[PDB]
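Chain residues, written in single-letter form:
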Amino acid sequence: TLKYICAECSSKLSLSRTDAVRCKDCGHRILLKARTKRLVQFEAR
Amino acid sequence: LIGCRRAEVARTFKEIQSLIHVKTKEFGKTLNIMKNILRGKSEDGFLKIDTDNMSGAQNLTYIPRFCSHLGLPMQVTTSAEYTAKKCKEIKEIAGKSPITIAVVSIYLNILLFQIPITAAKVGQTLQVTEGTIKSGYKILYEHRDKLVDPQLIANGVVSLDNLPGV
Amino acid sequence: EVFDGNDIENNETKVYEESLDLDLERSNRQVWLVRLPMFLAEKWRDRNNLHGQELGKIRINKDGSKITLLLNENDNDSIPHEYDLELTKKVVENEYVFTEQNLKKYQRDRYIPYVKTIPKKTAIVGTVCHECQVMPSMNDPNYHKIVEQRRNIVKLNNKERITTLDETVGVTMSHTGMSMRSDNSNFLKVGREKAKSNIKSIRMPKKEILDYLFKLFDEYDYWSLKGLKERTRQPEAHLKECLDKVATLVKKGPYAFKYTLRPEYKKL
Ligand SMILES: [Zn+2]
Numbered sequence: 026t027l028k029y030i031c032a033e034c035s036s037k038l039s040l041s042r043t044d045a046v047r048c049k050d051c052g053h054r055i056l057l058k059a060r061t062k063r064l065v066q067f068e069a070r
Numbered sequence: 177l178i179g180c181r182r183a184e185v186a187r188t189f190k191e192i193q194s195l196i197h198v199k200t201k202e203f204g205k206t207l208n209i210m211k212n213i214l215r216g217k218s219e220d221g222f223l224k225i226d227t228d229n230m231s232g233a234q235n236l237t238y239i240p241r242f243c244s245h246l247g248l249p250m251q252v253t254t255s256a257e258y259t260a261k262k263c264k265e266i267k268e269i270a271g272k273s274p275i276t277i278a279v280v281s282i283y284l285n286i287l288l289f290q291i292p293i294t295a296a297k298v299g300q301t302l303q304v305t306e307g308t309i310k311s312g313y314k315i316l317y318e319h320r321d322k323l324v325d326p327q328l329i330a331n332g333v334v335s336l337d338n339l340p341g342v
Numbered sequence: 038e039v040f041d042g043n044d045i046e047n048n049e050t051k052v053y054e055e056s057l058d059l060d061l062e063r064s065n066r067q068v069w070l071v072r073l074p075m076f077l078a079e080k081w082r083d084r085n086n087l088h089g090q091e092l093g094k095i096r097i098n099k100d101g102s103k104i105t106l107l108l109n110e111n112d113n114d115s116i117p118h119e120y121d122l123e124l125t126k127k128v129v130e131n132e133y134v135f136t137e138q139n140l141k142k143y144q198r199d200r201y202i203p204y205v206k207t208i209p210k211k212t213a214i215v216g217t218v219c220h221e222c223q224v225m226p227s228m229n230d231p232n233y234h235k236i237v238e239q240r241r242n243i244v245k246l247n248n249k250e251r252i253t254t255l256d257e258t259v260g261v262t263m264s265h266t267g268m269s270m271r272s273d274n275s276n277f278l279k280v281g282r283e284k285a286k287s288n289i290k291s292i293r294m295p296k297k298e299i300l301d302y303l304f305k306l307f308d309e310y311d312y313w314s315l316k317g318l319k320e321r322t323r324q325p326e327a328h329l330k331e332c333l334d335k336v337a338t339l340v341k342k343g344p345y346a347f348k349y350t351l352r353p354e355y356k357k358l
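For the record, the sequence lines run as chains L, M and R.
Counting from 1, position 19 in the first sequence corresponds to residue 44 in the entry's author numbering; the numbering is continuous, with no gaps.
Counting from 1, position 49 in the second sequence corresponds to residue 225 in the entry's author numbering; the numbering is continuous, with no gaps.
The third sequence lines up with residues 38 to 144, 198 to 358 when you count with the entry's author numbering.
Derived from the structure by calculation, the hints contain no laboratory data.
Errors might be hidden in some of the hints.
Claimed, not checked - Straight-line alpha carbon distances no greater than 30 Å define the calculated BS3-like cross-link-like pairs of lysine-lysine that follow:
id, chain 1, residue 1, chain 2, residue 2
1, L, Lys49, M, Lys267
2, M, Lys262, L, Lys28
3, M, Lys261, L, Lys49
4, R, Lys290, M, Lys199
5, M, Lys322, L, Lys49
6, M, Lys217, M, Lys262
7, R, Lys279, M, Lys199
8, L, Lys37, M, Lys201
9, L, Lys37, M, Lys199
10, R, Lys279, M, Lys297
11, L, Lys37, M, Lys261
12, M, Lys322, M, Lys267
13, R, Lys297, M, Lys201
14, R, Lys286, M, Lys201
15, L, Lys49, M, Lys264
16, M, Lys190, R, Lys279
17, R, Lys316, M, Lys199
18, R, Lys335, R, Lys297
19, M, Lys190, R, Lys284
20, M, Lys205, R, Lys284
21, R, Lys290, M, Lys201
22, L, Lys49, M, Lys262
23, M, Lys261, M, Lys322
24, R, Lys279, M, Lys205
Using the sequences and the hints given, assemble the complete structure.
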């Protein structure tokens with residue numbers, strides 16, 4: 026459901042609630058939440 | 177054993193017998209009585225949905241530990257997990273103990289991935305009879321297509337001819 | 038040879054054939070106390086060597102009493118064979134050599203006849219008047235072979251580093267804690283060697299068991315439950331039913347907690 030990226034192999038995964046947090050390609054148990062798709066506004070000062 | 181099963185981290189009966197010197201019959205009867213009174217206390221207190229935590233087989237949770245005891249890579253472990261999941265569909269081995277199912281799946285994927293580990297070493301490490309492992313591999317050789325992950329052979333990392341015949 | 042001290046019964050004559058007096062006829066021999074370096078003490082004290090063979094010669098130049106050792110070539114070749122015996126004391130006082138040999142056990199004014207004296211044969215080997223030290227000679231070509239060896243003393247390390255397991259860590263942890271591998275060692279299997287002994291018996295009749303109890307009471311007046319049970323091989327319930335009729339336990343005597351025959355049957 027929610028997009029994550031494995032910390033070492035950098036493969037995009039989709040994890041649901043019941044899924045254990047673990048990479049399906051290289052098995053690294055550290056996953057990063059994907060950057061938000063909404064545009065974020067910064068003042069250039 | 178109950179604490180291991182509740183945390184989705186369940187060990188086997190052989191593990192607990194390896195630590196605690198207890199006879200099999202009294203340990204099984206004690207486990208049955210404690211499961212009964214735990215269900216009774218859950219019904220009397222806060223009801224808990226099992227959602228496959230008191231499952232007798234739990235063969236998905238033995239594959240990573242048993243692969244770690246053999247020092248296998250990850251892709252062998254996930255191929256063995258897929259093989260053990262698909263072994264439930266096979267009615268010829270559905271009655272087998274989940275230790276034996278996990279071990280024959282691991283050995284099938286060791287032969288599939290050309291890992292140089294003999295059946296004797298797998299039997300010595302996981303305390304399964306080598307004849308049992310050989311019979312499980314023989315009875316699983318007819319269903320090679322269903323057990324092996326199709327995406328693995330699609331990507332070409334493994335091929336079905338690597339498995340020796342019977 | 039442990040033996041009682043201060044024996045006035047002259048028991049040492051019968052049990053020790055050798056005389057207990059100190060032998061002094063060898064005390065007139067001249068003995069040179071010599072201190073050796075590491076290599077000469079190593080090769081001059083081993084028991085697999087020194088079969089009585091000659092090891093060298095002693096040259097005493099009388100111009101200045103200079104003492105040298107000319108070693109034979111039978112020992113090594115890398116070591117020097119010419120040495121200087123330096124004398125740190127020309128006259129050494131109050132120093133002797135005594136040897137001890139084991140005996141043959143076969144064939198105020200107030201005194202106590204027990205002092206725990208160990209009798210051993212003693213004999214003065216000689217008199218020491220020269221304290222000697224052996225230096226390697228400067229001019230020997232093998233002298234540097236000593237010095238580098240001495241430089242090899244401080245250079246080598248007698249301890250090895252720890253061994254690092256280079257294999258997969260899962261294979262190392264396979265034997266640890268939770269493992270399928272049941273223990274196959276037989277070290278301290280006390281429950282294996284003690285729970286295998288099971289006693290099985292029947293209700294063998296009353297007359298024979300009471301006769302057996304009378305036989306054991308005639309052999310010895312005092313018995314216990316466990317000893318009588320292992321002697322007659324009967325169940326505890328059947329043995330107890332026969333003991334209280336003809337015997338009783340002692341509650342306050344010096345032989346308490348033991349089943350003994352009744353005083354009515356005691357005179358029988
Ligand atoms: Zn990954």
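Structure-based check of each hint:
no. : hint                 : verdict
1   : L:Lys49 to M:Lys267  : holds (29 Å)
2   : M:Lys262 to L:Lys28  : holds (27 Å)
3   : M:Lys261 to L:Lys49  : holds (16 Å)
4   : R:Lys290 to M:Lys199 : holds (23 Å)
5   : M:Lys322 to L:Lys49  : holds (21 Å)
6   : M:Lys217 to M:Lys262 : violated (35 Å)
7   : R:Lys279 to M:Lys199 : holds (16 Å)
8   : L:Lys37 to M:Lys201  : violated (49 Å)
9   : L:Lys37 to M:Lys199  : violated (49 Å)
10  : R:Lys279 to M:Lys297 : holds (27 Å)
11  : L:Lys37 to M:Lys261  : holds (24 Å)
12  : M:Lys322 to M:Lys267 : holds (13 Å)
13  : R:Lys297 to M:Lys201 : violated (43 Å)
14  : R:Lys286 to M:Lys201 : holds (19 Å)
15  : L:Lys49 to M:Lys264  : holds (22 Å)
16  : M:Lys190 to R:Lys279 : holds (19 Å)
17  : R:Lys316 to M:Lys199 : holds (29 Å)
18  : R:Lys335 to R:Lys297 : holds (13 Å)
19  : M:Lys190 to R:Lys284 : holds (24 Å)
20  : M:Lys205 to R:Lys284 : holds (26 Å)
21  : R:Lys290 to M:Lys201 : holds (24 Å)
22  : L:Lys49 to M:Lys262  : holds (18 Å)
23  : M:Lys261 to M:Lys322 : holds (11 Å)
24  : R:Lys279 to M:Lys205 : holds (26 Å)
Comparing the model with each earlier hint shows violations of hints 6, 8, 9, 13; every other hint is respected.
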